[PDB]
Amino acid sequence: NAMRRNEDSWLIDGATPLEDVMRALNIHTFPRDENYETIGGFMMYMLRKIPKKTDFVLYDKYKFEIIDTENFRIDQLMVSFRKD
Amino acid sequence: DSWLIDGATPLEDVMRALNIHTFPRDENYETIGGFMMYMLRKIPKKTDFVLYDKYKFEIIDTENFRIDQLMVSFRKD
Ligand SMILES: [Ca+2]
Ligand SMILES: [Mg+2]
Numbered sequence: 001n002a003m004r005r006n007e008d009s010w011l012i013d014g015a016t017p018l019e020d021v022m023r024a025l026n027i028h029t030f031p032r033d034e035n036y037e038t039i040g041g042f043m044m045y046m047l048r049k050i051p052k053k054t055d056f057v058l059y060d061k062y063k064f065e066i067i068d069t070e071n072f073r074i075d076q077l078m079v080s081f082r083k084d
Numbered sequence: 101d102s103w104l105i106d107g108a109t110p111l112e113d114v115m116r117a118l119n120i121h122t123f124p125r126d127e128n129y130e131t132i133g134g135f136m137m138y139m140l141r142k143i144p145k146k147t148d149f150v151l152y153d154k155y156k157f158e159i160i161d162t163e164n165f166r167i168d169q170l171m172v173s174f175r176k177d
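So the protein sequences, as listed, match chains A and B. Under the working numbering, think of the first position of the first sequence as 1, with each following residue one higher. Under the working numbering, think of the first position of the second sequence as 101, with each following residue one higher.
To be clear, the hints were calculated from the coordinates, so they are not data collected in a lab. Each hint should be verified, as a subset may be incorrect.
Below are the DMTMM-like pairs computed for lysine to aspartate or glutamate, each with C-alpha atoms no more than 20 Å apart in a straight line [claimed, not checked]:
| no. | chain 1 | residue 1 | chain 2 | residue 2 |
| --- | --- | --- | --- | --- |
| 1 | A | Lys52 | B | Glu127 |
| 2 | B | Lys146 | A | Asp20 |
| 3 | A | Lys49 | A | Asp68 |
| 4 | A | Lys53 | B | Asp106 |
Every beta carbon over 10 Å from chain A, so not counted as near; a handful from chain B, in silico [claimed, not checked]:
| no. | residue |
| --- | --- |
| 5 | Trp103 |
| 6 | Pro124 |
| 7 | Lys145 |
| 8 | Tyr152 |
| 9 | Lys154 |
To list a few chain A residues with every Cβ distance to chain B over 12 Å, as calculated [as the list claims (entries may be wrong)]:
| no. | residue |
| --- | --- |
| 10 | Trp10 |
| 11 | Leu11 |
| 12 | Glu19 |
| 13 | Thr29 |
| 14 | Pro31 |
| 15 | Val57 |
| 16 | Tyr62 |
| 17 | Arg82 |
All C-beta atoms in this analysis are idealised placements derived from N, C-alpha and C, irrespective of residue type, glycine included.
Modelling step: build the complete structure from the supplied sequences, incorporating the hints.
So this is what it looks like as structure tokens:
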């Protein structure tokens, strides 16, 4: 991708519990089945395809972007407000 | 506050975006990742950082022997 506009964002560990992230972002509508315990797990589901850096999921008010993968998981992601 | 940038971003582009008018160069094409590796001297590891002008440049990821992602923030020293 080209250099991104600097807007408010958070850098988050892919292993952060899903519920913890939803709570902190004030998301009240999300999967409650617990099949994907972590934020990166849920992102991988939503992507369907094999994850790679720069891939992103639009969910609620937000864009969740993979910063890096390691050990076949989303290691770090960035969250910002979505712009669509 | 803090800005996430790709290590492969041309050096001159990042410098100008940050309003840094005085910066190190040689005769080779340079990237922000490249400049940081020059300033670090040591082999790059996540969390390693470079202080230059008003800013801290922190390694967020290394991938393929280069600094892949970095975070820019204001320095505090
Ligand atoms: Ca969080
Ligand atoms: Mg890496």
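Consistency of the hints with the structure:
The suggested pairing of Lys52 (chain A) with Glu127 (chain B) is violated, with an alpha-carbon distance near 34 Å, which exceeds 20 Å. Annotation: proposed proximity of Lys146 (chain B) to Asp20 (chain A) is violated, straight-line Cα distance about 25 Å (limit 20 Å). Proposed proximity of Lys49 (chain A) and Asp68 (chain A) is supported: the alpha carbons are some 15 Å apart, at most 20 Å. Proposed proximity of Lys53 (chain A) and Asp106 (chain B) is supported: the alpha carbons are some 11 Å apart, at most 20 Å.
Listed as outside the interface, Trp103 (chain B) is inconsistent with that label: its C-beta sits roughly 4 Å from the nearest C-beta of chain A, within the 10 Å cut-off. Separation of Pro124 (chain B) from chain A is adequate, the least Cβ-Cβ distance of about 20 Å exceeding the 10 Å criterion. At roughly 14 Å from the closest C-beta of chain A, the C-beta of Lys145 (chain B) stays outside 10 Å, upholding its exclusion from the interface. Distance to chain A confirms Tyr152 (chain B) as a non-interface residue, since its nearest Cβ pair spans about 17 Å, more than 10 Å.
Distance check on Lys154 (chain B): its Cβ is at least 14 Å (rounded) from any Cβ of chain A, clearing the 10 Å threshold; non-interface status holds. The Cβ of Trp10 (chain A) sits about 9 Å from the closest Cβ of chain B, inside the 12 Å cut-off, so the non-interface label is violated. Distance to chain B contradicts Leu11 (chain A) as a non-interface residue, since its nearest Cβ pair spans about 7 Å, not more than 12 Å. For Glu19 (chain A), the condition that its CB be more than 12 Å from all CB atoms of chain B holds, with the nearest at approximately 25 Å.
No Cβ of chain B comes within 12 Å of the Cβ of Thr29 (chain A); the nearest lies about 27 Å off, and the non-interface call holds. The Cβ of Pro31 (chain A) lies farther than 12 Å from every Cβ of chain B, with a closest approach of about 27 Å, so its non-interface assignment holds. A cut-off of 12 Å between C-beta atoms confirms that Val57 (chain A) is not in contact with chain B; the least separation is 17 Å. Its beta-carbon lying about 15 Å from the closest one in chain B, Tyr62 (chain A) satisfies the requirement of being farther than 12 Å from that chain.
Non-interface status of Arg82 (chain A) relative to chain B is upheld: no Cβ of that chain comes within 12 Å, the nearest being about 16 Å off.
Violated hints, listed in ascending order, are 1, 2, 5, 10 and 11; each of the other numbered hints is respected by the structure.
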